[PDB]
Structures are given as C-alpha cells and as structure tokens.
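**Q** Listed here are the chains, written in short residue letters.
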Amino acid sequence: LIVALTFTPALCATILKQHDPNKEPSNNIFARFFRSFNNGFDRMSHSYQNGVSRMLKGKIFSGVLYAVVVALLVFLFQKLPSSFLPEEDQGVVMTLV
Amino acid sequence: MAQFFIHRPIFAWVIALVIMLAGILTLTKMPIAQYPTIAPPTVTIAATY
Amino acid sequence: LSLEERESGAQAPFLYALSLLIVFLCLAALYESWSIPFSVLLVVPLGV
Ligand SMILES: CCCCCCCCCCCCCCCCCC(=O)OC[C@H](COP(=O)(O)OCCN)OC(=O)CCCCCCCCCCCCCCCCC
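Protein chains in written order, with UniProt numbering: chain A, 482 to 578; chain B, 1 to 49; chain C, 867 to 914.
Rather than coming from a laboratory, the hints here were simulated on the basis of the structure.
Please note that a few of the clues may not be correct.
[What the hints assert, rightly or not] Quick list of the computed label-pair ranges, beta carbon to beta carbon:
hint, chain 1, residue 1, chain 2, residue 2, range
1, B, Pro31, C, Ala876, 15 to 25 Å
2, B, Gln34, A, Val549, 40 to 50 Å
3, B, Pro40, C, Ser868, 38 to 48 Å
4, C, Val906, B, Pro31, 34 to 44 Å
5, A, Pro502, B, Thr26, 47 to 57 Å
[Unchecked claim] Which chain C residues stay away from chain B? Per the calculated CB distances, all over 12 Å, these:
hint, residue
6, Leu867
7, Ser868
8, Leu869
9, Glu873
10, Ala876
11, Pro879
12, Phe904
13, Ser905
14, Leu907
15, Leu908
16, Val909
17, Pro911
18, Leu912
19, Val914
Positions of the beta carbon are idealized from the N, C-alpha and C atoms, including for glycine.
Can you build the whole structure from these sequences, using the hints too?
**A** Rendered as structure tokens:
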C-alpha cells in the first residue's frame, strides 16, 4: 500500500512517456502479436457478457447450479483425511535391530 | 501524499533504496529453521552404577 | 587482545563504507540531486 502511494506514482511521473496522436503503428512480429491479442480479448469480453446475461435471465438454473456447487464442496470436505503436517523424505533412515 | 513524491522522485528513490538496503542487511543475519516453533526445554540427568 | 584484533579485522572499513553510502543517500534526498552531494562529501579530508 505505502509503495503504491509513494514510489510508483513518482516512477510513473518520471518513467512514462507522453502519448502521440499520430500514425505510428509499425507492423512487426513483436508488435502485431499485441494487436491480435487485443482483438481476441475484446470479442471474448462480448462472449462473457452474453453468458452473464443468459445466467441472469435463468434464475432457477443459476440457483440450482450454486446449490450443487456448495453440496459438492461439503461432500468432498469429508473425503480428504486430516493430519498435522505432511511426511517429507529427509534423506536418512534409522534401523533398529 | 502522492503529490509530495510525484515532484520529488529522487526522494522517493532514496526511501526505496534505504528500505532495500535494510532488508538485505537483515537477511545476512536472520536465523534459518524449518519451522517457526521453538522446542520447549528439556533437562537430562545421567548417572552410572 | 590479539585474538580480538583478528576477529575485529575488516569491520571498520565495511562499517565506514555503509556510513558513507547512507550519507550520500541522505544528502541526495535533501538536495534532490545525484551529483550535488559530492561537493559536500569532498570536505571530509579538510577537518582530519
Ligand atoms: C538501515 C538503515 C535504517 C533503516 C530504517 C528503516 C527505514 C526508515 C525510513 C527511511 C528514512 C530515510 C531517511 C532520509 C533522510 C532525509 C533527509 C532529508 O533531507 O529530508 C528533508 C525533509 C524536509 O524536506 P523539505 O521540507 O521539502 O525541505 C527541503 C528544502 N526545502 O525532511 C523530512 O521531511 C522529514 C524526514 C524524516 C526525518 C528523520 C529525522 C532523523 C531522526 C533519526 C532519529 C532516530 C535515530 C535512531 C538511532 C538508533 C540508535 C541505535
């Protein structure tokens, strides 16, 4: 928190460079990757929004899904056994005779 | 306040550097154990007949 | 004392390097400059 309040704002003031409203996109293997990634993520966001809308309209379906989720959680909580600490190989063996 | 250090970048750098130096110095002297717990005392008495 | 000396060797120069570093850093914080502190630092010989 403190670092974000003091050190990073100074770093941004000092180290960030002013934006330029000019036709300076250079097509490059290193560069075009980012444009393609941005387009893909932009449409993926639309897909997510559509899924959210269908979730909101379907009250019963969302309710039952969440109920099943909590039920599966509680069912699996029992299945794991419980111990204080794990057993670690420590590279030594003692033998009793 | 953010404004104070926005105008005094060298000051903010110096504070960051001092923190890092203190931490590096600390790391060169810390104890290293597997667990935070420290075992409670034991006293043993030995006699031979 | 001989043993003490052998243990205490190389502490003073290390210790005085740390102090000079921190003095530089504090002077830089005061003047807000990386080059100004050195004028102030150059004065050490004169007193000694
Ligand atoms: C391993 C190293 C130790 C690590 C400790 C943990 C990190 C502590 C936090 C970092 C401390 C950084 C210290 C930097 C010193 C800064 C000196 C300075 O020049 O700041 C000036 C500033 C005032 O600035 P301004 O009002 O703008 O005026 C400028 C001119 N117009 O002044 C100010 O705004 C106030 C700044 C604070 C002033 C502190 C005063 C020093 C008091 C020290 C007493 C404690 C000593 C403990 C000794 C222990 C003994 C065993």
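**Q** Check the structure against each numbered hint from earlier and tell me which ones fail, lowest number first.
**A** none
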